[PDB]
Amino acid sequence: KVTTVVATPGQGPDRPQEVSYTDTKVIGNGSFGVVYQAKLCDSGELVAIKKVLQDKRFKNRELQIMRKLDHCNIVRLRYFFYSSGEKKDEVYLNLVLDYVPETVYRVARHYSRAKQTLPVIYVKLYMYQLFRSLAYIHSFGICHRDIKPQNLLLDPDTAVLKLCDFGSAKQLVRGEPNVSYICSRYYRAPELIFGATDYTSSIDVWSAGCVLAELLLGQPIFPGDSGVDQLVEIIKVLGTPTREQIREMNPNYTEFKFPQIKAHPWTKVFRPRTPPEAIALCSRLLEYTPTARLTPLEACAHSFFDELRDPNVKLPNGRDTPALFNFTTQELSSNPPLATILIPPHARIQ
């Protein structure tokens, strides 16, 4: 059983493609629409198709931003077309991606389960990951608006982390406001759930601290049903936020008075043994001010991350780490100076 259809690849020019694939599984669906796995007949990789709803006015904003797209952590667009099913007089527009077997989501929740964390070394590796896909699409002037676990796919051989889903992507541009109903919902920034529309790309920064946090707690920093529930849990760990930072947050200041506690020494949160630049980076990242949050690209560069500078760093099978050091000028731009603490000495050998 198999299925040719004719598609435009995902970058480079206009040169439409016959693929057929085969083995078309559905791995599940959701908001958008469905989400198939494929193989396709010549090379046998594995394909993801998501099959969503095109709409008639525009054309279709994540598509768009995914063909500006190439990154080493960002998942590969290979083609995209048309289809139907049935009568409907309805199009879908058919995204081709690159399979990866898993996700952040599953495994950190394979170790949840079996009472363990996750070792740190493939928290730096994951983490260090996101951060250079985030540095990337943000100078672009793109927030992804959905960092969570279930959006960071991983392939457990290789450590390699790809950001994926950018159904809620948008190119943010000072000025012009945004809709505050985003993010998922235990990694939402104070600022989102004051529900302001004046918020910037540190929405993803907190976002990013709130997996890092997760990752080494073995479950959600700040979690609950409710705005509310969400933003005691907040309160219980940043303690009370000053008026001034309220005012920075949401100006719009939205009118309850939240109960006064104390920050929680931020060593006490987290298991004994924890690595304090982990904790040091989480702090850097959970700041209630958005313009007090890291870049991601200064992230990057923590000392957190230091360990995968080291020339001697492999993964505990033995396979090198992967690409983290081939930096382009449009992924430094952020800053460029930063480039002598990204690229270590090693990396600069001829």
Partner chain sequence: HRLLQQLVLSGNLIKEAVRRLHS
Given for the second form:
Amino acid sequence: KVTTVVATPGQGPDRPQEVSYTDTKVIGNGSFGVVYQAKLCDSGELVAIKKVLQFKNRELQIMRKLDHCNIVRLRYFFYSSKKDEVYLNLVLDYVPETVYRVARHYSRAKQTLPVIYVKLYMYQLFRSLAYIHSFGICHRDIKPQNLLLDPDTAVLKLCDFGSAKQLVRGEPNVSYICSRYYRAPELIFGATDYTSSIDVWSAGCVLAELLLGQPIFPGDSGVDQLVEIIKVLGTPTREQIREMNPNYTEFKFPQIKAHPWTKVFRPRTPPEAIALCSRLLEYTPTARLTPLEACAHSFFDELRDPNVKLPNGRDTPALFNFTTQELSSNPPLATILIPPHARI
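Counterpart to the form deposited without its partner chain, namely the form solved in complex with its partner chain:
Keep in mind that what follows is only the chain, not its partners or any molecules around it.
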């Protein structure tokens, strides 16, 4: 069946137009709603359609603002029909794979993801985070399942803005957010005044998971999530508790020292990957690297080499096409992030 709908372009203008698609199939179903795969009749291009029961949709208002090579682009949006039931459909660029599926493959085969892919995926993830954080947008669901991949080009695109929120200081936010294994400790402590640094904690969990071949903090519950963190970071200090949640107080508790980072990972783990990870998985939210600072980390130096290639021999995807928006947290950093061979 060929489906014809009146849809509005994702970025501009607000001029609705007829869009026709075919080859419709369910590719995902969850609490959020349903995700379909379809083919646009006009260009033969593949699309993902995220259908949500729908007040204005927070996810749509965020998606309409974004245009970045490491973020799944919102091509169109259309409403469909109890009949009081209204569904919002987000027509997104299609991406065939996820970091979850790719990492699972290597894990099942008992082999580590090659270091070049760890650098490429993590660098693209930090770029997508530098971009959204510059608008005050926090994703709040950074996990391998939300990291889409083009297996041939090694392009990574951040998806699923269903948990995302534009954070405003002094306006409270829900603490029970983010998939458990990737949940920042300040969220476990019940913080409602947290910042976009919760996404950097989650990005550090993805990195460690890529180095280990399994999640670093596999909590079996909310409390067990903190147990898993303490096994690595030890107990937080009174000052770190205040930095995580100033509303939380605990006068007495047994002090546990951190486990050495070098023993958390397998012996052959690249020491620069461990160093980077130690600067992301910190109790103090403000001590975590910003995404732009993480892109400039020496672990990503191989990506800035002019002779760098994928193991399949293809060239690396676009890594240096930075915009003023993306560089806004620290504009002078541009001269370090954009190597001489990449400049016009």
